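Some chains have been omitted; the remaining ones sit where they do in the full complex.
In order of appearance the chains are A and B, and numbering begins at 1 in each one.
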Amino acid sequence: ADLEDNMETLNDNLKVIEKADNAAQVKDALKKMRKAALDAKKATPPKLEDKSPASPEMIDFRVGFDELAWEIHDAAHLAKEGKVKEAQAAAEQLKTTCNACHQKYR
Amino acid sequence: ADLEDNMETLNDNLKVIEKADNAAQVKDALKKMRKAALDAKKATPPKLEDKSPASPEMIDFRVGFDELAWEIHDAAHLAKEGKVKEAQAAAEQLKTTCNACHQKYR
């Protein structure tokens, strides 16, 4: 998928998690987010398309999705145990990682 | 290890999972599969030896193993919970990631 499609997936499912009632809804949304994070790692963002593909900034961009995926998995661990409120709070804290990348490459 | 050696490991241990009768067999097979997938990330496939190491195709190839590893971990979660049948069903779904990479790059 496109980078923008994957960002829409991440943004939409974060809102699904915010409004969720039960753990299975949160689990499903976090799974879509993880798939979107890994697919986005394949993209070249507009900010960097004029730099070398081997540039340190492209590596910095890709590793950011490794960090996002691992943090999503931590929230998913809480959702699998049925801890809805804790999973929702951990999902909310993802936004620190979203924003950290946006400050550099948005 | 060799790219083909890592593929033999993935394939041998998928066959173990297909036939397994308990969660211990599955969990040990998935652990080997994850190690082979991560090690395969370090290789250049023959069909991409004519690409730069950070070309979009080589990124697609390497991230394909991150996707495989996360999907293996999903199956391993299920096996650690005694969901042997569900873990085996997750192993079957894994094959679409195997196939998609082979279609592009084998």
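Before moving on, here are some points about what is shown:
Following the convention adopted for this analysis, a residue touches a chain if its C-beta (ideal position, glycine included) is under 8 Å from a C-beta of that chain, and two chains touch if they have at least 3 such contacts.
Each protein chain is a copy of one sequence, and the assembly as a whole in this entry counts 3 such copies (shown in place: 2).
As a working rule, only the chains that are shown with their structure count from here on.
Centre-to-centre separation between chain A and chain B, using Cα means, comes to 22 Å.
By the touch rule above, chain A contacts chain B in their complex via residues 34-35, 38-39, 41-42, 44, 52-54, 58, 62, 66, 69, 73, 80. Residues 52-56, 59-60, 63, 66-67, 70, 73, 77 of chain B touch chain A in their complex.
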